[PDB]
Amino acid sequence: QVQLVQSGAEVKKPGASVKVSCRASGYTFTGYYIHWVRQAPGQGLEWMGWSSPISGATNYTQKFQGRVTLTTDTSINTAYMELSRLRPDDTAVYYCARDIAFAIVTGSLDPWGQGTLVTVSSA
Amino acid sequence: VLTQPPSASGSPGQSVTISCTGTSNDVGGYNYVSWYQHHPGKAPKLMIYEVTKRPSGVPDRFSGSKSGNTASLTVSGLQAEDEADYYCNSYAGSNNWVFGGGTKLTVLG
Amino acid sequence: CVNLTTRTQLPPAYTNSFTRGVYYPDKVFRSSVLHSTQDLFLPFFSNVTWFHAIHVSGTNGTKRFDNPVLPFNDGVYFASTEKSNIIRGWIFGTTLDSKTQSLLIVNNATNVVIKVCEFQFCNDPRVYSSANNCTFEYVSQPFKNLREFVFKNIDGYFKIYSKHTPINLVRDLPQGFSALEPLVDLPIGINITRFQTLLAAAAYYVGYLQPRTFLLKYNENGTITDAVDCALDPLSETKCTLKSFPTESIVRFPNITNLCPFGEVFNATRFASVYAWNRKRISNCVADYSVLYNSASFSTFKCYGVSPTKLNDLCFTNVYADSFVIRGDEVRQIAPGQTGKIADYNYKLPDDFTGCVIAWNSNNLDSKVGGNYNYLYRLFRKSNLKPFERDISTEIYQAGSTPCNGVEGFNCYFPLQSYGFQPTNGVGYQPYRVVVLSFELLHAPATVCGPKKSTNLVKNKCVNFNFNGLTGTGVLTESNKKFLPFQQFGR
Ligand SMILES: *[C@@H]1O[C@H](CO[C@@H]2O[C@@H](C)[C@@H](O)[C@@H](O)[C@@H]2O)[C@@H](O[C@@H]2O[C@H](CO)[C@@H](O)[C@H](O)[C@H]2NC(C)=O)[C@H](O)[C@H]1NC(C)=O
Ligand SMILES: *[C@@H]1O[C@H](CO[C@@H]2O[C@@H](C)[C@@H](O)[C@@H](O)[C@@H]2O)[C@@H](O[C@@H]2O[C@H](CO)[C@@H](O)[C@H](O)[C@H]2NC(C)=O)[C@H](O)[C@H]1NC(C)=O
Ligand SMILES: *[C@@H]1O[C@H](CO[C@@H]2O[C@@H](C)[C@@H](O)[C@@H](O)[C@@H]2O)[C@@H](O[C@@H]2O[C@H](CO)[C@@H](O)[C@H](O)[C@H]2NC(C)=O)[C@H](O)[C@H]1NC(C)=O
Ligand SMILES: *[C@@H]1O[C@H](CO)[C@@H](O[C@@H]2O[C@H](CO)[C@@H](O)[C@H](O)[C@H]2NC(C)=O)[C@H](O)[C@H]1NC(C)=O
Ligand SMILES: *[C@@H]1O[C@H](CO)[C@@H](O[C@@H]2O[C@H](CO)[C@@H](O)[C@H](O)[C@H]2NC(C)=O)[C@H](O)[C@H]1NC(C)=O
Ligand SMILES: *[C@@H]1O[C@H](CO)[C@@H](O[C@@H]2O[C@H](CO)[C@@H](O)[C@H](O)[C@H]2NC(C)=O)[C@H](O)[C@H]1NC(C)=O
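Chain order of the listed sequences is U, D and S.
In terms of the numbering used here, the first sequence opens at residue 1 and continues consecutively.
In terms of the numbering used here, the second sequence opens at residue 1001 and continues consecutively.
In terms of the numbering used here, the third sequence opens at residue 2001 and continues consecutively.
Honestly, I wouldn't trust all of these hints.
Unchecked claim - Incomplete in silico selection of chain D near chain U, CB under 7 Å:
#1 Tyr1032
#2 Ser1034
#3 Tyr1049
#4 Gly1077
#5 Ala1080
#6 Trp1097
None of these hints come from the bench; they were simulated from the model.
Quick reminder that beta carbons are idealized off the backbone N, C-alpha and C, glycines included.
Could you put the whole structure together from the sequences, leaning on the hints where they help?
Next up, the structure:
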């Protein structure tokens, strides 16, 4: 049925870039905007930004304007997000969430994937 | 951003209210508030969306409303399986949205 | 647009054209007859003009160029005497610049080209500056000695007659006589009132046609040997007045030569998406529709105001074909006035539409397990569509108070969506192709027609007959008469 599968874990170093993938099975891929969300360990959730699989238009949040990119390969049903130049304090978990509208940005995020764990340290 | 109480207690059977206080043009501007339930580790799950509308699978025991600049949830009936925390979201403005801190729900069970 | 004008302008140069310019009025064979006709001829002993465009001027100089447009009154007689291939062709039209479809006649040393298109001629015809959508084309063999042409245009028909006679005596028009045999009978339907010649010292004579009453003398084999013009003298007027100096059926029609190219639209592979439907124009063909219905590959062959098994004996002027691919249960939306959004946001039909509709199945051709995603259809728009309108504009459709300035966001949306095709579906979501045929006709000679028959000529049993429209009854037999090799029947 309607399923999203997210990629595996990742450990990087300061000054490096990371890129994660989210794959959709079930529904017809084009026709639902996709949001990304980040959860810090022990803190609250925050919003990352959204992308569209039909046109390519994309938008971010106000603070994450510089070092974030995110694309959609509408042939093998996947969407990628890359964050570059990570400070060591950006250890968190990333989720891909699907909207439930039809060619509209509405915001009821369901279903969610599983969640990647990213670790960046100077070791 | 916005916030809400960070603590709450409960007992089996009875009902409690959990709030989310809105700002000038965060909650009271447009009607897109939604609330989620977050188990320890897995993904969230929709508890309520867009005013008080509810998907299929969640029972009627959940409810909600918007008192101008305040959103709320009330659970009239407790099965002790709901111990995790909850989050409130709304259209902040300019294609950018905001979540909330979260509120742990405590049962005496 | 070279500037090679010379500005000499020496008009007056006239010469007598006498006993010159009598053609064959119509395609019949008559022997030893004195016929009388009332038609457009050149008056005997008249004044024709002697254009001398290129000329070797006085000492230390050779430059003049004054070939202007001339009035095309009722037809023209054009005579040339050149030792080489110096003149090449003509241009005909009303204003000659993107207002009326002009006509171009040119030729190589080995090929001739006639084309009717909306030209924008430059000045002093490397000849034109642009070309656009247009109608007709044609190719055949190319057209001292003397060459004479006669140009007529009547009833949406352009007729050209020609003759080549060798002389070497003087530059003037010889005394003597020679008829002009028919050459070309193009259907175009445009209107013409001015013309201009083109060449690549040049001299040609031009004269104008008038309605008169001629008397013609056909000899033993069917060649006009002599003629006399009425209304010239009392003598010739008297010459004119005195007129002296069943068992079965048979149908036989020509071969079936020019088949019509319906093997392209019904056989191609990259048809369209729903909102960018093509439009193919078909003309000048013999179209047989019986091959289509029997093909048994179709599952929807409805019609409107044609009565399919009646049309085969009809001729129209233009036929258009549209083609695209839509989802399954919308073939019931390509019809007279209806609305299921695909009748009023992508494609729209007129109420009094006269055409036909086609729909295959294409389950096993556009299938993709992942999803084809390549077919788009429109979803948002403010106003409906009048018949036969295309919109390939991907503008962002506003749906709120604030102008978004071309930003796909909260209230500004994208107006297109993609069909998700796949093989695990069933009928009703599988892709059906659609081809729509439309017929039109107006004030023009017909080109598209059905194929006529033939019925195994029998000659020795005295029966009916219909030879290409010359219906009758009688006994048929073989003869020894030799026609001229363009005449049809002899009365
Ligand atoms: C992300 O989206 C914002 C749009 O914010 C609002 O969106 C609409 C509701 C409309 O009302 C906009 O005017 C709002 O600002 C984009 O910000 C705008 O971008 C263009 C060019 O800079 C222009 O309309 C405004 O100047 C911007 N408005 C601002 C900055 O408040 C922003 O560009 C989008 N992000 C990207 C990467 O394109
Ligand atoms: C009209 O057709 C007949 C015969 O039908 C066909 O014509 C050919 C063009 C080709 O398509 C073949 O399949 C058929 O022959 C033509 O009659 C032919 O005439 C030539 C002339 O000498 C003769 O050699 C052939 O034997 C004839 N055909 C047969 C079957 O005997 C006829 O010429 C066609 N009409 C015109 C105007 O050419
Ligand atoms: C459109 O194509 C069909 C398919 O036939 C084949 O098409 C090509 C792939 C090529 O291989 C052709 O030689 C094939 O004929 C056409 O259907 C055929 O029609 C002819 C004419 O009567 C018939 O003899 C064949 O048996 C038909 N074959 C099949 C498979 O149906 C069809 O005619 C084509 N469209 C048009 C307008 O002619
Ligand atoms: C027309 O043909 C006749 C020749 O038959 C010529 O007409 C002469 O015209 C000039 C002036 O126009 C007169 O002075 C003569 O009297 C005319 N002669 C005759 C016999 O008509 C002339 O060659 C041609 N052109 C014109 C303009 O008439
Ligand atoms: C002759 O005129 C034609 C058309 O004006 C020129 O184009 C040729 O047309 C013939 C028609 O059968 C083709 O076979 C040739 O291939 C065309 N030529 C080219 C270059 O495409 C043609 O160039 C002219 N000259 C000759 C010598 O044919
Ligand atoms: C009418 O046509 C016939 C046949 O085409 C001509 O008869 C031939 O004429 C040529 C040239 O005069 C002779 O060489 C042949 O011997 C003639 N054939 C026969 C069978 O007699 C006839 O000449 C033509 N008429 C005219 C006036 O030219």
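Earlier hints that do not hold, by number: Numbers 4 and 5 - these are the hints that the structure violates, sorted from lowest upward.
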